[PDB]
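Next comes just one chain, in structure tokens: the form deposited in one PDB entry.
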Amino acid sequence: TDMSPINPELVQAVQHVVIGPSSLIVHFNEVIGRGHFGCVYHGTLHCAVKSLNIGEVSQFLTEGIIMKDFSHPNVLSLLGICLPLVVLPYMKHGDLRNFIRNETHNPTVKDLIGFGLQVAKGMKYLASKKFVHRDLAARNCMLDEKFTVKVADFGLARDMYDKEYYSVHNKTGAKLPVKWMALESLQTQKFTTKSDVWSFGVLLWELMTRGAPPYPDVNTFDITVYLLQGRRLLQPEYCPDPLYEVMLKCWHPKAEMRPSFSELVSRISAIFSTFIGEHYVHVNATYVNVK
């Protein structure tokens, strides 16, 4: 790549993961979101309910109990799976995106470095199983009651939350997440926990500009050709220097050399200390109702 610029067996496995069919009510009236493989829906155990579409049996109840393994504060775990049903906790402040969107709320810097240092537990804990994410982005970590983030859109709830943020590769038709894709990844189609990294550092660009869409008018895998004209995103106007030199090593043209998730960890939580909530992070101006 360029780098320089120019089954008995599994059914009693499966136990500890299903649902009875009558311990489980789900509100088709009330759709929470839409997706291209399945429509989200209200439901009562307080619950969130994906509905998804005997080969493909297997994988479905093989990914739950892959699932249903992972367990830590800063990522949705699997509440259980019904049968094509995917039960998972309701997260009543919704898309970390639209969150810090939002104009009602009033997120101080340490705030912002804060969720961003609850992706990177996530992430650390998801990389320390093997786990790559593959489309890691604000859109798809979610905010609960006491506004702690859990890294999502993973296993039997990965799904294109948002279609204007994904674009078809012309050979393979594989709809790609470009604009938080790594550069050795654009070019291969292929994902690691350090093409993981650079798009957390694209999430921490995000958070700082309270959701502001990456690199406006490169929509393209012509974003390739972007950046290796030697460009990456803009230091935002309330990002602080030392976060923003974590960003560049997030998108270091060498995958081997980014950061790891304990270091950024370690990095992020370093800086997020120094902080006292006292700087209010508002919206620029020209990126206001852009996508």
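Here the rigid core means the biggest group of C-alpha atoms that line up within 1.5 Å when the two forms are laid on top of each other. Positions refer to the first chain, counted from 1. First, how it differs from the form deposited in another entry.
Looking at CA displacements between these two forms with the core superposed, a shift of 2 Å or more is confined, among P214, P89, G155, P73, to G155.
Fitting the two forms on the rigid core leaves the C-alpha of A255 displaced by under 2 angstroms between these two forms.
The Cα position of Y165 differs by 2 Å or more between these two forms after fitting on the rigid core. After superposing the rigid core, the Cα of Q12 is displaced by 2 Å or more between these two forms.
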Given for the second form:
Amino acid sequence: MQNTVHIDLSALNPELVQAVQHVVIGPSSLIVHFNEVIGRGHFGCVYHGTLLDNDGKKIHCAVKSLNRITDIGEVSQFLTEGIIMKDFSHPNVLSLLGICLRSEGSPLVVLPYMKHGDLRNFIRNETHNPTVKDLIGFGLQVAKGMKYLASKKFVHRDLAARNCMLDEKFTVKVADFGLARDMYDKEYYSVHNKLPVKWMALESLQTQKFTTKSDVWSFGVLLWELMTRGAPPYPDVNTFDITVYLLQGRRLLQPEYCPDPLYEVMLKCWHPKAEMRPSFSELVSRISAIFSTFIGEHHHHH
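Next, give the form deposited in another entry, keeping in mind that what was shown is the form deposited in one PDB entry.
This part shows the chain on its own.
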């Protein structure tokens, strides 16, 4: 059975195994509420969990597990989704609590619990009803998280509202790193070995090369999701037809209640020339200026 699966750590890249050991959680310190599914990632389901800290205090966490354990390659990619987050320390980026792996079964990627859940379902919720200014503020928070990520030379590749979480203080955190890659000193990441077609930059669709500038494009799509309150992008355009649609200069259209200065920012994110797109630092500056000059009702701290 799957519960008897044994992972041979000798088969993985030593640097990965060392990184996993550096964030190891002993099995006696973790309780997985396996009967309480809270979400899903690219590799499996997410469950409620309880961690016991160094002083025996209970910490509410989220636990990702690997749904399919048939090959080492998938095990490697799953552990990497946890490992890429190891040194993350920013208010708008989800931190890694650790990784638990015993003799049998799935490795377990442990994360802080995010009270309000995913950003997409949050903004779609008729109760929540966030104001226009609250939405711009969430967009600003995401830009701050991405400025941090790009500074560490990591490329997200999957920035979408679905992949962001809100904690008890309504702090938005970029949460899923299932496709994120270290750019090292290359300033790009090319496909070797899922891809979000409707959030991808035109050049990534064409060449399968990813950069911070293609993350800027995805960010623009995220802003559009925020301003439409979680509407699906290009609903009348097929995935396979997106490349041509974008080649023709067509873009996501201005959401009904979106301020004109914020739509202009979105259009800058979708410039056909990646070098012409603003950086994350510039996006933080521009959005902060729009947020501070849109005088409307707002409830959260951004």
